[PDB]
Each structure stands twice: as C-alpha cells, then as structure tokens.
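Trainee: One-letter residues, chain by chain:
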Amino acid sequence: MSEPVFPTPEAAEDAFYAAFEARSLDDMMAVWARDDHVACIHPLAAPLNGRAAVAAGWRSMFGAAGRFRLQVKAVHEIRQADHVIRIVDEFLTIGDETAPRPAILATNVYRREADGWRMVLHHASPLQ
Amino acid sequence: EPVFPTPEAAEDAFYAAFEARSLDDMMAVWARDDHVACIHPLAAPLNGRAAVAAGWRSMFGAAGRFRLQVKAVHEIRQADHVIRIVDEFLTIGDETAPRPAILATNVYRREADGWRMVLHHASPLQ
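Line by line, the protein sequences give chains B and A. For the first sequence, the authors' numbering gives the first residue as 1, with consecutive numbering after it. For the second sequence, the authors' numbering gives the first residue as 3, with consecutive numbering after it.
Just chain B, with the same shape it has in the complex:
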C-alpha cells in the first residue's frame, strides 16, 4: 500500500544505491519515476526503455550477480530546480575480494515531482 517519497535528489540517490547493494527489486523500482519513458543503460549495453524493461534489467542483474559490496563517490553535479544530474564513480567489490574493482562512471538524473524526487535515467559506463 505505502509508497516512499524522497524529499531531495540526494535522498533518491541514497535510496538507489541502497536498493542496488541489497539487490532489492521492490525498493529499486520505488526510486524510479512512475513514467513509462524512464531509461536505464548498464555498462556497455543498449538502453532498457520503460518501466517493465528497466525492472527486467535490475531483476536480471540482481538475480545473476551473487553477493557484492558497493561504495559510491560523487564527481560532479548539475543542479536545476526541476532536474538534478549527479555524476558518480561506482566501486564494486566482488565476492571474496577486499579491495574494489575499477570504477564505473554513472550519470543519474533526478526529476522533481510535487511531493518529492524520482530517478528518470541511469547511464553507466566503464573508465579506460
């Protein structure tokens, strides 16, 4: 019944990464806008367009990934009243390793709504 409301773009991003590390599909999809034009690009992939595609992509990644840890560092932000873009480095430590793999870059775009913020786009890419 209850759906979360994120008061700021930072809260949406915090929720996004928490859902990512927990591999929680319900929590993840609560961060995304209830709009069928959302889009999600995973590293080296073509975009997943609309809620069903985005949801299938997270489901597939969460289901196959096994256990990992995630640490994130912000690199830059472009802030407007209606949309906020946050560019971040994603550091994944996989399975039984204790130092992280090379950073993955991500552009995350948050859109304001009357009562809070939601994600409309995630574009991840590797760094040479």
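It should be emphasised that the hints constitute simulated quantities derived from the structure, not laboratory data. All C-beta atoms in this analysis are idealised placements derived from N, C-alpha and C, irrespective of residue type, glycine included. Keep in mind that a hint or two might mislead.
Covered, in the sense of this in silico footprint (three residues per stretch, anywhere, with C-beta under 8 Å from a C-beta of chain A), are these stretches of chain B [to be verified]:
1. 38-52
2. 66-80
3. 83-91
4. 103-109
Heads up, incomplete: computed chain A residues facing chain B, CB under 10 Å, no partners named [what the hints assert, rightly or not]:
5. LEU44
6. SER125
7. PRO126
Negatives, chain A to chain B, calculated, CB over 10 Å [as the list claims (entries may be wrong)]:
8. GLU3
9. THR8
10. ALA11
11. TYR17
12. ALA19
13. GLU21
14. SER24
15. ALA30
16. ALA52
17. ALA55
18. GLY57
19. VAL72
20. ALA99
21. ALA114
On the provided structure of chain B, position chain A as indicated by the hints.
Mentor: Same frame as chain B, but now just chain A:
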C-alpha cells in the same frame, strides 16, 4: 549568437558541428554557463564550459576526418529539460560500413529564447 527553438534543432546543430569538427559552432550549442559536463567514450567527465571546450578541441584535433550518421533511440520530454538517447555511427576514411555504434545520452535545457545542451554522455556498445 544562434538560438535553437527546439531540442531537436539543438541536436541537429550539435551533430553538424561534430561532423565538421568546428569548435566555435559546437560551443554555440552548449549552455553559456558552467552547469555543463561532457563524457567521451570511456572517459571521466569534463566539468564546466572551459573543460568541455578543451575536450571537444582535443577530440576534434585528434580524430581526423570521419562521416557521421545518427539514429534516435529514446526520448524523455519535460517542460524545461529534454533527454535524447541516440546511436552514433562513425565511418572513418575509405572503410565501407560504419564502425560499431556509440550510444549517447544528450540533455537539453530550456532557456528564455531557446534550448541548449547541458550534458553529453557517450559510451560503447558491447
């Protein structure tokens, strides 16, 4: 100072500048403030107008000549920001077919008199 009435007009100008390797025309498409960033394939981001301009100068200066074809794959339209995701097909020299597609996210912001690019994020496709 050129004004672009739609995000599509700004994109057309972006790609014409890109193919012509014209830094002056390219920078005419970007917002005239530091609220901008640009990520070239496999690169870390360039933040602010000066860095973005240095990036395009560096890309245009190193690239040599190429032909460009673009195909729109997705759009997210809102009142003050529009996001276009496109496949970019570069053909280098006498090569028959184009190289594998580069995927790009472009974000346009609405200003008082037109639209301007605030972000370009390009990545390779497996």
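Trainee: If you look at each residue in the segment 38-52 of chain B, do at least three have a Cβ nearer than 8 Å to any Cβ of chain A?
Mentor: holds (count 9)
Trainee: Test coverage of the segment 66-80 of chain B by chain A using CB-CB distances below 8 Å; three residues minimum.
Mentor: holds (count 5)
Trainee: Minimum Cβ distance from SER125(A) to chain B below 10 Å?
Mentor: 4 Å, holds
Trainee: The output says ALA11(A) does not contact chain B. Does that hold with a beta carbon cutoff of 10 Å?
Mentor: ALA11(A) is indeed farther than 10 Å from all Cβ atoms of chain B, at 20 Å.
Trainee: Is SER24(A) truly not at the interface, in the sense that its beta carbon sits beyond 10 Å from all beta carbons of chain B?
Mentor: Non-interface label on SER24(A) holds, nearest chain B Cβ at 25 Å vs cutoff 10 Å.
Trainee: The output says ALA30(A) does not contact chain B. Does that hold with a beta carbon cutoff of 10 Å?
Mentor: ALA30(A) is indeed farther than 10 Å from all Cβ atoms of chain B, at 19 Å.
Trainee: Examine the segment 103-109 of chain B for residues whose CB is less than 8 Å from any CB of chain A, and state whether their number is three or more.
Mentor: Contact hint for the segment 103-109 of chain B vs chain A: holds, 3 residues under 8 Å.
Trainee: Regarding the assertion that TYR17(A) does not contact chain B, is the least Cβ-Cβ distance greater than 10 Å?
Mentor: About 19 Å separates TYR17(A) from the closest Cβ of chain B, which puts it past 10 Å; holds.
Trainee: Taking the minimum C-beta separation from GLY57(A) to chain B, is that value above 10 Å?
Mentor: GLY57(A) clear of chain B: closest Cβ-Cβ about 14 Å, beyond 10 Å.
Trainee: Over 10 Å from every CB of chain B: does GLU3(A) meet that, or does the non-interface label fail?
Mentor: 21 Å, holds
Trainee: Find the nearest Cβ of chain B to the Cβ of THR8(A) and say whether that gap is larger than 10 Å.
Mentor: 18 Å, holds
Trainee: Please verify that the nearest CB of chain B lies beyond 10 Å from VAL72(A)'s CB.
Mentor: 15 Å, holds
Consistency note: the structure conflicts with none of the earlier hints.
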